[PDB]
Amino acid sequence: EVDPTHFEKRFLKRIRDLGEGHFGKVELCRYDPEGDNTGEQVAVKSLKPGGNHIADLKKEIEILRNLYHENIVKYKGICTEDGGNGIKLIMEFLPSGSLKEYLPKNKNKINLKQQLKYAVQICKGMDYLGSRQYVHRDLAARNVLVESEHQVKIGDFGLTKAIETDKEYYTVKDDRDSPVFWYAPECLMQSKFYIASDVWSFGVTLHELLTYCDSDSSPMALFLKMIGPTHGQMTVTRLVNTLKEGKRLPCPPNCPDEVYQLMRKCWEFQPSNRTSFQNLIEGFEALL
């Protein structure tokens, strides 16, 4: 009898691209064994043509296989290489896509109440992750998927890493294409990643969410307005120095102050003096 978490390459047919990075990409595929365009749609993550990167995909697969939560995207299966070494990650396709693509088109349908509900839902997926001894390192609006207008999910686990029991953080080596405008100062300075660093990133993600992922008011474009548009190599050190001074992203327009103070609490300098995902749920719930 057949394994349902096993997708043969021959039946996996590409439709379009959904996203890519400097290492791997995610496509839309129909798994169509019958060969009649009736099969189920899926998100297929794979590597671009990388010895060190096949290791990373296997880890990601094995992390995502064992996460079971309403607000985390669902592992469907794997597709193996015919020789052995290569591999693909098969996930559920959510056709409304990331918040980045969704919010600009559905501003009429989505109001402050609904944005705060998404926010709660992101904190619940993130607290499940954290409690399973994992640090995400990549929480942006672009990795939050829309299941429906009442449901979002964390849809990417590319940079997700185990924190050891003894240690209280993870130290990264390959920081080369990091999302710097989403990062806490310890990530920028010591290359260190605490659960509290994911909370930093949530605050920025929450900023994007509250501005309907308008490019013109995005974390990059507002940080680059503050520090300087054209500093090249010195961008990241100049970012670290404005955060040291106490400069943070401004209140989104039509965001009430009480929401903004929950956002501000995400962005305290020291990881230990920073709010928790549980505390954030209770603050959002009280507003709703």
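Numbering follows the first chain given and starts at 1. Rigid core (definition): largest C-alpha set, two forms, superposition within 1.5 Å. First, how it differs from the form deposited in another entry.
Fitting the two forms on the rigid core leaves the C-alpha of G39 displaced by at least 2 angstroms between these two forms.
Shown in the overlay between these two forms, fitted on the rigid core, is a CA shift at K265 smaller than 2 Å.
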The other form holds:
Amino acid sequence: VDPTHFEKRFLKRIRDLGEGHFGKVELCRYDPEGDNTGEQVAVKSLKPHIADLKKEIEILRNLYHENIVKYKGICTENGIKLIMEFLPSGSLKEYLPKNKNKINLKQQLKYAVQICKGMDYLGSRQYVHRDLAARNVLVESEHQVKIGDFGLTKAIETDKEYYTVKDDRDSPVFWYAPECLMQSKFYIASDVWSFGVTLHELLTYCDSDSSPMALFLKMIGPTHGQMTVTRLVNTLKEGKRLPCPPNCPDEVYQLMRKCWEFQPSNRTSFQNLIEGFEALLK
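With the form deposited in one PDB entry already on screen, would you show the form deposited in another entry?
A single chain, with no partners or molecules, comes next.
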């Protein structure tokens, strides 16, 4: 009965879609007319951290892009739910293993371009994503993907180059650049690094045995507990990186390597990546 919001009683629950840090996402049909003509929507709620969800809502409200999941609205309870468009094929992490024979290198490069476009937009808006990994890239169809979660996303202040994180507890460390691990500083160039790791996942079709975590654990050892990040940083300082996936051509690997320069100022920009991938298409 605020017509500008979604009524909780009409978000007809269908099934779970996924879980993240603070939240879970569920598929609902929003059916206020009660005649089953309403649309299916994805609904993010706090897990069975209110301030955190509200910050994520403010970010997604402020984003509108072809390769960013579409904000639809809010449902208010105190509590709040974030309402988004539903993207039926789910994340790249679940979609790619099911579609190896359907998705070729050409299609993978088109996804790389779409990811880089959403990311260049995000950066232009002075946000750092902080969780760019295949599990957060949603597939609308065979031909299009969108960045689909913003739970760790932060604003960089005008004229500043990084955001300093005070709370690193949710951090995907095997997707993180050295400055994020060593100083909790997050630059747009730190999201470039994460994108290189995401690209690696995309090229290995998100095989679990080739995941950045599984691969780095093999390099540094799996039982270091709280010394894990320390060993990761040591490895990176030594210049080691994830290898070229087999079936990844050298020209693509070179783009990936440009995301992995140790120093953030030495890394490629997302605009340069967009153009670099497009030169490999047709």
